[PDB]
Amino acid sequence: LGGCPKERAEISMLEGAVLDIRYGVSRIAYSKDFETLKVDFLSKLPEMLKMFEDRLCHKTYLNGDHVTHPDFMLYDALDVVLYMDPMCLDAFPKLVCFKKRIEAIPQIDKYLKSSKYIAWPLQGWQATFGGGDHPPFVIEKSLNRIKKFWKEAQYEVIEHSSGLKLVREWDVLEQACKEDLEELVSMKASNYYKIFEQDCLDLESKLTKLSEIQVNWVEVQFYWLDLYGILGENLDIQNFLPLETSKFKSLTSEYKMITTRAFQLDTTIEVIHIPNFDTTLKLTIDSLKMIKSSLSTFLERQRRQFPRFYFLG
Amino acid sequence: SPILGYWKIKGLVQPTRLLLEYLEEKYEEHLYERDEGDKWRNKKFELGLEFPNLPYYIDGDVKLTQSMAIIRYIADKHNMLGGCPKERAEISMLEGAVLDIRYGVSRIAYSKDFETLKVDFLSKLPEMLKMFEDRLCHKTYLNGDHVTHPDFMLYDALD
Amino acid sequence: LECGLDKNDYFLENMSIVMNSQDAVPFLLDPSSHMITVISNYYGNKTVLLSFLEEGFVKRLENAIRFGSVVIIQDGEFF
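Residue numbers (the deposited numbering), protein chains in the order written: chain A, 81 to 216, 1365 to 1541; chain B, 1 to 159; chain C, 3380 to 3458.
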């Protein structure tokens, strides 16, 4: 353990830093949120890991040129942290080394190949992190990235000359939803998704509803903006079409409240949870189509009265 | 005179503070208030601590963080680690059992489920306290006729 | 044959060559895409069809490889 205060405290500092990794695991291992929390843990981790990377420079083992128990600790740690993060050790080749070095020691290597060696799990089966008895997987790794992606959904919002705020750059989210939806369908092909599957079916119901409202919303946004050029601005055009402009303005009110209510949610996915959205927009687009159809009948009946207007457009 | 950074609360420095005061050794402090979360992040990286956090201690180019590494240092710099392998290992085992109480507290303390979790903490606590009650039969202080630093650790826990 | 492989001895030998050895990917050439359905009847649900010309090809294959999907790629000329 060491000879006296200094050399004993040095060997204990190795002990300590190993536990600051083993314990760090357990503090975020019971958490339900683990797939999101590790992010802030791995950001702090560097500061701690660094100290060990240095200690390992120009030395064969922590606490010197003579091998200590800390060398067998670092080996286990490195083996374990790579599972938690695949890139965590790549930035410490000095540890990747120490790890192989230890595995090289004849007694140790004979052990790893022996019956006494526990190949897995990392924690008690019960733990969220490194649990389970089901020796392997990418169903969870992907679904964590899917849920992470949908809690970062961002719509470029840009308000135009009048009242209402417009949602720019549709396609990006539009594409992602379709892709992420195709991903879940191909997940049914997998053998290992069966029980973990039920939750994915809930995420399938959530996104299939998001595309349902995505389809109609771009239609509304498009057809309103077009009709705004035509009737929103002139007095003369709305004078000729009174029933048309009185019905446009009524929908203009509703959609103004629908957008501002949906943007302030601050999650595009959270929009499926809002009352009457698919039903609202389906009914709005129907009415928007009736105005555009009525204008179309007006122009053609205007053109048929003076058939030159057919030339004009 | 050593320089100690920590919260202006008992928290992570208390045992250490006591040991220091036991050896009548002087020191100077960087005290972070509870809502001065900035002032800390302001000096978090401007100190050259080997594991920046609280607390952190600096002396004769002995840069320490981790309450145990720190306290042990001060202790060792005054020959207080133990008089043989046996008594030295015994003192470390005291260190351990004291933290198994200090930490035991913090694991049920941040929980929203406290009013029923402390119940399971206090049920384990007895087994820990008991060991000390026995040790104190035919001894003046835990681990012998001289008071030890682990007694200042258990005192923080107890508090 | 039950899928609809042709009676010809030539077409039996061919199918045998495709199946029996798969240490390497087979390239099927047939003008009448009668063969694209033969392999589909054989692997059923698992059969996912793609084409080097579709845009989502790049991602759909990554989904096909991850979850054990049996894949046929419809445009071999373009690769």
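What the hints contain is simulated information worked out from the structure, not anything from laboratory work. Among the hints, erroneous ones may be present.
Claimed, not checked - Here are some chain A residues pointing at chain B (derived, C-beta under 10 angstroms):
no.: 1; residue: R88
no.: 2; residue: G96
no.: 3; residue: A97
no.: 4; residue: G104
no.: 5; residue: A109
no.: 6; residue: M128
no.: 7; residue: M131
Cβ atoms here follow ideal geometry from the backbone N, Cα and C, with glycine treated the same way.
Hints, verified against the model:
Hint status for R88(A): holds, given a least beta-carbon distance of 7 angstroms to chain B, under 10 angstroms. For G96(A), the interface hint holds, since its Cβ comes within 10 angstroms of a Cβ in chain B; the closest pair sits about 6 angstroms apart. Hint status for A97(A): holds, given a least beta-carbon distance of 8 angstroms to chain B, under 10 angstroms. Among the interface hints, the one on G104(A) is violated; its C-beta lies about 12 angstroms from the nearest C-beta in chain B, farther than the 10 angstroms criterion.
Because the closest C-beta pair between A109(A) and chain B is about 12 angstroms apart, greater than 10 angstroms, the hint is violated. At its closest, the beta carbon of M128(A) sits 6 angstroms from a beta carbon of chain B; the interface hint therefore holds under the 10 angstroms criterion. The criterion of a C-beta within 10 angstroms of any C-beta in chain B is met by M131(A), whose closest approach is roughly 6 angstroms, and the hint holds.
Taken one by one, the earlier hints fail for this structure at numbers 4, 5, listed in ascending order.
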